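What follows is a set of notes on a single structure, which appears directly below.
Of the protein chains in this complex, all but one are displayed in their positions.
Lettered A, B, C and D in written order, each chain numbered from 1.
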Amino acid sequence: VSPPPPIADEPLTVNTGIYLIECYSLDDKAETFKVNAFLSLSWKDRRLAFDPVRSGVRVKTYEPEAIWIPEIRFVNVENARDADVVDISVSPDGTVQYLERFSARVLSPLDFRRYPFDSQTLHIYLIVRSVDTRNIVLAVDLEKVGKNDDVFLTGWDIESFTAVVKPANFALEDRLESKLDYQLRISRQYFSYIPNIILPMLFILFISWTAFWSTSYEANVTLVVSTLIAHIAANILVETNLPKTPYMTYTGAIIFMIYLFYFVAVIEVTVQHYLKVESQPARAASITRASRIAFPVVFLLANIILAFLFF
Amino acid sequence: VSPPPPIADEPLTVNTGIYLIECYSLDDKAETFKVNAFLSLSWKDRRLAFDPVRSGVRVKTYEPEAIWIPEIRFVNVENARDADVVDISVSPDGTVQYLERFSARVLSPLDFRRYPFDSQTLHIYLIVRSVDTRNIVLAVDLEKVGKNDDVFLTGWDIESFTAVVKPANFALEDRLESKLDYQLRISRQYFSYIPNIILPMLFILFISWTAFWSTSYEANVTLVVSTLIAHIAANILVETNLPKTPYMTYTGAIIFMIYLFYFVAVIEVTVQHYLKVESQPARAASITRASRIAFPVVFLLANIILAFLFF
Amino acid sequence: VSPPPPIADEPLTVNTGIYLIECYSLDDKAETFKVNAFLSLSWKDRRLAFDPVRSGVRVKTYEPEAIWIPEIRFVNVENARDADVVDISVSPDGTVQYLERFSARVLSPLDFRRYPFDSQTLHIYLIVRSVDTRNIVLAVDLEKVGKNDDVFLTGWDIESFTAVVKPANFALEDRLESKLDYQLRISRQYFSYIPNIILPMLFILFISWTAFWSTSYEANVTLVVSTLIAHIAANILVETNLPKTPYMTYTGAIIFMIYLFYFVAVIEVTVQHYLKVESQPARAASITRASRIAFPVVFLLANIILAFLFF
Amino acid sequence: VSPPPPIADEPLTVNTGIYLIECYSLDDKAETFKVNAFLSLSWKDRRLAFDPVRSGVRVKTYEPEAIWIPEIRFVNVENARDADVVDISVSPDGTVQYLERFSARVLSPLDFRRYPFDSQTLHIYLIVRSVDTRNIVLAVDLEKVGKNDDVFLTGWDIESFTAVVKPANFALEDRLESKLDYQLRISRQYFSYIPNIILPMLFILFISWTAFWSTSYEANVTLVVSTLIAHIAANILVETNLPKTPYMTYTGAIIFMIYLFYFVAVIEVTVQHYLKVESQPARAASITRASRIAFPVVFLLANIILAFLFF
Partner (left out) sequence: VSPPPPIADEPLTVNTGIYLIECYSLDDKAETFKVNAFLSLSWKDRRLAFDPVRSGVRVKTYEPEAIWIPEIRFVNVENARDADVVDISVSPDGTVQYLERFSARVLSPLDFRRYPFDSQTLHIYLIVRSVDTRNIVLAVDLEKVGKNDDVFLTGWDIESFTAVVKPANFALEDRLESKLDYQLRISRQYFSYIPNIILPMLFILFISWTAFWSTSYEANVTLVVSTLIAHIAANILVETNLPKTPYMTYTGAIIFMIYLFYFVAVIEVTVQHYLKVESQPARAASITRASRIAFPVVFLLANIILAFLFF
């Protein structure tokens, strides 16, 4: 149980394939996803050549311990994959066809800049390290790359599952490593964000603007402070479903901006009361009437600017 | 330890059965459930046949390693099932009777459209991959499909546990695959939703409508904004027990609609105050009196429309 | 190894005992508890009999693999128990004495009808399946059923740990099965519920009733709506520590009833204000004075009725 | 691989030691803690004795399978410990020195009566069950009991790690059992409780007492009800970090008492308003002025009484 010997001086090519059976638990905060799939492997080992006439059988079936199997690992996994060998078939020339079903929790960074209208490219990196006897290189058998039609990732649309056919061959700790990039392209189902977060957040904001049709300071204070507290609750709710990013997200920008609108509404409500107490309500009336137009107009234009900067 | 050889050119039929011992942890957000059950398998292995009058023994008990056993897997599981072989019995003609007790976490999508008045069909998909020597096909032994009377899934009523007797035979990565669909039909116990969520949510809404019998703007603002905040708390509580769906749920629709009622109540309370300040209370009185009838009437008709669209 | 042969045609009796070492994690929502205990087993295997004189030993120790051991399982467990064999002792007549220490997560339904003044009977169901060679039946050795004095279940009082001595013998998948019921009787420590939930909930309710000694509508609206919101917080807190039941719990009934008291207090506060504005305060005064007696009296009588229906 | 035979009729003494490497995850609610430590064992096995002059070797190293090792278990663990044998060394007289590194989740009850100014004694109970051949007894080698200087338990001060040198020898299921008590003494770091919970809780209470310098009923109702709601939030926050106890904790007592102060403040605010409406403000003034002194004085004396009863 050592690697197959080279006929000339070539590296050993291990053909690979990943067929997705299940996709689940895309954790946005952890930037992980769980996968259940078939991993297929194929390589020539002439030491396993046989005559179907003598052995009786046209294809030989082996146990993983009985023969040499390339040590294939995943780069971006939390722990080593849970695998169960399904089959090891050896054909007369010594071509090995290896099939395993595995499950793994994959680390794959996510770009939240356009959240909740974002798309992602999840990666599964396959790797093999070369041995001293000989260099091992990975290849993609496109016939053995795919996904079950029923594969569903709750809250996401699965677009494609493809592999970058050219491996990344590089040196690591004085030995060659051959890395393959399997890419799962997904797009977020933003639907539910509209009736659950976006519209309720707009309703409470518009409710605070009713203070521009009221001269009652005590009612105005209650309108703007109460809706601000509801906005804080939405800010907290949203930030619990997201990791801390060194950049602004689209939702983060809108949520932050809405604070400025609450802050300026408090200034307006204060200025209005102050002028009324100072017996200059004609002035207060001019500021309040302007605010009725300015607040929705500046809100609309600021949102057009933000949508433009982000999309 | 190779598959039993075919007498002619027929596929090997593996008769299956699942007997549920325990059902627990139906997680709505994760769309998973845990199961503890018996898995029974039966097939003919002529290489294992024996004489009943010569041997004296009617049945022979083997260890799993001693004989060939079909590699049966579950499609929609998180990780491979935890299984412990209970018994292996061989009849004189070579009919093998295999029994294992297993536990598994099953991925099965849920339809939340009618939540909390929803019914579901949970699936357990049994699968076998054919070997080079011969094709393996699955069958259902209805005599060995069932569930323990004590099987309880907290918050659900278990209706039936049946199997679709015709397997889905298809090619996958150049080998035949035979898939069986075991269906667990359940209906949600909606009882607790009435005193815990539905009635409290209706009470706070009706409390906001007392503002239509009050001329006090400051009290009205307090009534409508305070009850709105309580409604936000219920919206958040409900959405934490549910996943994000690319469709509207019945509860989601009602919760969303109730925001419109709070928004229009704020408009009414604002309009009423504005007219009183403008010394036109006769008008304000006509709008407030109309609102006393309009709000409960439109609420009832909108709910009839929603119940009709969803049921 | 095969089961011990019958001298005549009797079933093989496996004597059992469970000695509790640790009880922990009684999860009310999951309706599970974790257990760490000794499982003792005893049966006669004539094939292992020996003469004490020519052996020089009064007892013989064996490794589990060396002899036949009955396949004993738990019915109501999440996963198969984690077990470590402690000792296997054989007496001259071939009486085997087996002892293992195990840990398991047990599914046992709970009756929340009288919560938090409830008592429960937790079950541990022991089971054995019969073989073709012979019928295996379970028995209880009462001398080997017990619990360590230090066994504590946080938030509960342990009353007794007994076994129903007569097994439930029945056919399951065309083999007889012998089931024993081990019962752990516990009663909930309701102490903490009094200063943490019951009294705070009564205080906020009594605070809302101070509105019956106030003519200030604005203050009344603030008193009743603010305490209602605090009651919603307690309702949410309580329902998070409990599963959803298809029946009313004692606490659920009280919590639900207190909403009616808040709803009727809002009606009273509204009616009082309406009459004052309509220049009929003498009337409003009669309703408010009646409410001062009616609300505590109806609250006391409704609680006596509820306590009667539930206890 | 049977136990060492007795020279006379003495029990086999197994000398033990536990050296703590890591302490983590002290879970107050679960009353558990995780430990990573060295477990050292020593006993005489004359069958393993050798001559040091003729062997030329001072010590012999054995693999665990090669020799007899006592079955040592922990009483108060969730599951059996995860252990890795480090070394087995035999001296010429046959004295065996066993060393393993283990990790375990330990169940150890906590006394919350003085929380957050509490100290605890965590226990690790070592146990051995006597075999039929001979009685096994445990002993403490104080030279092999200790802890790493870097051992830190977040939020706690580690005082000492000692063992009660005299084992508890007792009969359990017709065999002797030898139990040792390893004690880890810890004291809670109460620092953070002062700026995060104690002072904020006192500030909101003192804010409610500003109502004794106000004649505005509407403002008073807002002051006392709003701060009460903040107190409910702190009550909930505190009770989430603690298990339910069948006794009063120091914090629980203070939190409960503060409700009485809010309840009596509401009565005072109600009585004051009622008298003002009844045109007897001179009286109301006497009650309000008395309350300014009574509330802080009774609060101070009640806290002195509570601190005395608990410390």
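In this section, a residue touches a chain if its C-beta (ideal position, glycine included) is under 8 Å from a C-beta of that chain, and two chains touch if they have at least 3 such contacts.
Asks: Just name the one of D:55, D:61 or D:280 that touches the chain not displayed here.
Replies: The one listed residue touching the chain not shown is D:61.
Asks: Determine which one of D:118, D:177, D:181 or D:218 touches the chain that has been left out.
Replies: Counting the whole complex, the residue in contact with the absent chain is D:218.
Asks: Quick one: say which of D:237, D:267 or D:300 touches the chain that got left out.
Replies: Of the candidates D:237, D:267 or D:300, D:237 is in touch with the missing chain.
Asks: Please identify, in ascending order, the residues of chain A that touch the omitted chain?
Replies: Contacting residues on chain A, toward the hidden partner: 2, 30-32, 71, 73, 75-80, 107, 109, 129, 131-133, 172-174, 217-218, 221-222, 225-226, 228-229, 232, 235-236, 239, 243-248, 252, 256, 259, 262-263, 266-267, 270, 273-274, 277.
Asks: For review purposes, identify every residue of chain D that touches the missing chain, sorted by number.
Replies: Here the touching residues of chain D are 17, 19, 21-22, 24-25, 34, 36, 38, 40, 58-59, 61, 82, 84, 86-87, 89, 99, 101, 103, 143-144, 148, 150, 152, 154-155, 189, 191-193, 195-196, 199-200, 203-204, 206-207, 210, 213-216, 218-219, 222-223, 226-227, 229-230, 233, 237.
One rule holds in what follows: only the chains that are shown with their structure count from here on.
Asks: State, to the nearest whole Å, the distance from the C-alpha centre of chain A to the C-alpha centre of chain B.
Replies: Their C-alpha centroids are separated by 25 Å.
Asks: Between chain A and chain C, what is the separation of their C-alpha centroids in Å?
Replies: 41
Asks: Can you list every residue of chain C that touches 2 or more other chains, as numbers and ranges?
Replies: In chain C, residues 218, 222, 226, 229 touch at least two other chains, as defined above.
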